[PDB]
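Okay, here we've got a single chain as structure tokens, the form solved without the ligand, with questions on binding and movement later.
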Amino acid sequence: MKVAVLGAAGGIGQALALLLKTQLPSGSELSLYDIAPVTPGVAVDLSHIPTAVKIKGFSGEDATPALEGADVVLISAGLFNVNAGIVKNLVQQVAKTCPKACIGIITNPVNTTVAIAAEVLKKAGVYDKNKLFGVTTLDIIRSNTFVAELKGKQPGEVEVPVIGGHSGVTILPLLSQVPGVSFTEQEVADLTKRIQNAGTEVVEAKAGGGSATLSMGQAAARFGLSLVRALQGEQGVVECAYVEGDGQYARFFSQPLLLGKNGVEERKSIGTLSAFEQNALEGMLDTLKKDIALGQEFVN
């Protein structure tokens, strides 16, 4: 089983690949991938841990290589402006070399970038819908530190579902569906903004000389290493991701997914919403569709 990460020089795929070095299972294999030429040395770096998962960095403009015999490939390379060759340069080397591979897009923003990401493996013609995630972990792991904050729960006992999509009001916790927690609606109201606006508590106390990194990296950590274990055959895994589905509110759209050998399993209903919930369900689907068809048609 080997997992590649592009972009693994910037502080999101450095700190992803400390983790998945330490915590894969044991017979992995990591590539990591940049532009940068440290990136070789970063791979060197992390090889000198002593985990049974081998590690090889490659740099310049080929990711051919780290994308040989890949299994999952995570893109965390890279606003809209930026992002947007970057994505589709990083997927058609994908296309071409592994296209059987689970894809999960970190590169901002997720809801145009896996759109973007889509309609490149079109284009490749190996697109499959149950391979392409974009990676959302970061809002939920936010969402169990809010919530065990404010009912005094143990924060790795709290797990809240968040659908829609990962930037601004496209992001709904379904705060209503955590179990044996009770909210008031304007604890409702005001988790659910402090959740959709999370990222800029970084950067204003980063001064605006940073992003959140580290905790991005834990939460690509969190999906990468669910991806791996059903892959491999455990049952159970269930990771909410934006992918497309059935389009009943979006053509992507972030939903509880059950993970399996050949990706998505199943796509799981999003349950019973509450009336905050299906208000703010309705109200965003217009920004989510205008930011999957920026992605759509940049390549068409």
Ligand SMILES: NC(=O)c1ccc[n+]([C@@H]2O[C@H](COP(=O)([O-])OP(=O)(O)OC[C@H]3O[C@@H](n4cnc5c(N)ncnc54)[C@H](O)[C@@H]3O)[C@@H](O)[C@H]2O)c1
The other form holds:
2 protein chains.
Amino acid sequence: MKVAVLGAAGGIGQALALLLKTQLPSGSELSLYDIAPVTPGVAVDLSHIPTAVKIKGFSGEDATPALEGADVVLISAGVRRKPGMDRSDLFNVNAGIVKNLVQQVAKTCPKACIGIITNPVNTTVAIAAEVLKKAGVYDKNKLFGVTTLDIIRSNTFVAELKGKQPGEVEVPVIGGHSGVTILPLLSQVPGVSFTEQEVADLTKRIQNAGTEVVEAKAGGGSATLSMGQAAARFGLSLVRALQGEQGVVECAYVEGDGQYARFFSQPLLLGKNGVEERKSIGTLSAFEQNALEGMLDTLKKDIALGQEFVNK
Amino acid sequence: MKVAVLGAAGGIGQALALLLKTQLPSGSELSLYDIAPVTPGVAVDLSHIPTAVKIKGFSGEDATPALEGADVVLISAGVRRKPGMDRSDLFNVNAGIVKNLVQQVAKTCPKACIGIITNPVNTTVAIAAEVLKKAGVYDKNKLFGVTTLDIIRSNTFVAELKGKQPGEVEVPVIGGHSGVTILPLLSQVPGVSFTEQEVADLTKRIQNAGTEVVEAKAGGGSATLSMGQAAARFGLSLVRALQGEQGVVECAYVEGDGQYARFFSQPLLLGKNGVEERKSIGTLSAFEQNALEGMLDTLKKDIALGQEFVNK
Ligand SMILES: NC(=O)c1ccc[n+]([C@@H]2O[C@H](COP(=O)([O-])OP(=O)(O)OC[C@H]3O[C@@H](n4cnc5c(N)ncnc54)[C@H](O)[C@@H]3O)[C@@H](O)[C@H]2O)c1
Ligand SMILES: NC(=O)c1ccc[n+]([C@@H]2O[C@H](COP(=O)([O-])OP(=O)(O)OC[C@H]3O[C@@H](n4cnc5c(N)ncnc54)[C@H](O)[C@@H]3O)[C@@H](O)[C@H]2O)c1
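Alright, leaving the form solved without the ligand aside, put up the form deposited with the ligand bound.
Whole complex next, starting from this chain.
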């Protein structure tokens, strides 16, 4: 596999880089791209680690070199929010960045699996899809909004509440990636039960976890190291599936049948061509049904904002 | 085990943090300290990763909280060099930082195993030893200059030359950590042979690898991600030995019998009390014997500079 990381010099990009360098299968290639001029030196730094993964870094305005022959592209370029901001407040700086980078992907490697990490994900994934459509090159099985951080956050918060080993708990999370649209499916966590007070409290802690880190960093940024970890998990799942491994399933924000919104995050069976099947969200509790119904008008306004930017 | 990282908000500290969070044994504690006010937020970021390792971060002028009950302390605080500088040029900014932090270690956790990562290591380790002596608390089996990056750099450079799997080659490196005092023992690499031209060229590439990254980053710093990786390897070796694991051996810069200089890096058998035995450097080639003899006056000037700072 070749994996390209666009936005490699940032806080997220460097942590992701470190993890992919040390965890990608033997024989893999990793290319790093960022406009920042330190980027080739980030690749040299990493190239001193003894693993059988070839790494090169690229700088400047053209990402073509990084993108040639890429199977997976992971996009983490863009600005972080400051205390007192919402994710949607990032639209004005980041919409242009994502539009610019996906046109480059559309020209150079239109068959790659593309993971959008750039905030606000609910909207930027729709920007990506519209760009790829205009280029005559959209495949809805190969475009992903990366929501994996919500998953590993829920796993951590549940295990500590319920006295479980953190690596042993997996919770499904559906919806989107904003404070209102993150819905952890706590009724479906095997082997654990929660009171309704535990469900309310946990769901809030999970929805507000991004603002918790932003507040804690005090103007020094948002989640970088945990997000690096989450994105490396998703990327390695993509790579595993693309190499033919069976039964790899991840939740991600993806264009589907539209039963709830155009884009919606749900569990997905991954295969050699991207998403193999979009799995059922299953049976919801009364809390979960209610939370879902309540999020739906905010979700599709997020989507329409993205499509607007590209189509007007 | 409790492991404390002093200098946790820097480029090295954050990569080290990420790796220790994800790789330390279940039941471990990790505390992060830095004067930078973002540090508690670095710990919150990391605390969202689902592993059974407790993490807390501390800021301000007092490191006591981070240091209470620590078994291993890893010091990576200090300034990076810029293009055109030598490691020794960092003495004026970094000597004070190391003196300050080791006095805090001497008060709070005098029985911890201490790894000095701060440059220039040949000199700063001697600063550390003199501080701990003045505090009546020096144990020469528990003070380490961290040279592991020279090792993993050599492993990478050899494997690519000789068509080996990078994870399968281990090369002993003795001496110190400066351009003149890094001596890779290429005559002792099992299963590989080198021409004398290959030995000269490889030894140079290895000695100048730090300047290669500094040049490549263009004022954006020195090696951070690879150094994080190297320090995490050393820290996990320390932890393994302290928990009673057998036959863990690492090269590190350590006060020994003085046959070459006061401090000298050589292979060490690690045990429950720090270094268990200081191993023989073995039989040297004619190149290696010569390189060793030639480095010795520079090494002990490095040492005497450190002792001077503390003792005058
Ligand atoms: N939805 C999610 O779960 C999720 C996850 C991770 C990140 N994100 C978003 O990703 C972005 C990450 O920011 P960060 O924390 O790494 O901040 P950062 O400022 O540390 O990193 C951002 C990088 O983008 C680079 N950059 C800007 N435009 C570029 C372009 N055209 N091409 C390449 N590089 C360019 C910058 O030079 C920088 O290195 C934010 O929008 C964040 O909110 C969202
Ligand atoms: N000998 C080796 O192999 C080796 C290995 C790694 C690092 N080093 C040295 O370690 C230092 C690492 O720099 P970096 O690349 O991370 O640069 P950086 O600037 O990114 O990080 C340094 C950190 O030190 C912090 N700091 C300064 N004084 C502090 C103090 N009193 N206590 C706590 N925090 C404090 C800063 O706020 C910063 O976060 C340099 O001297 C480097 O040359 C040497």
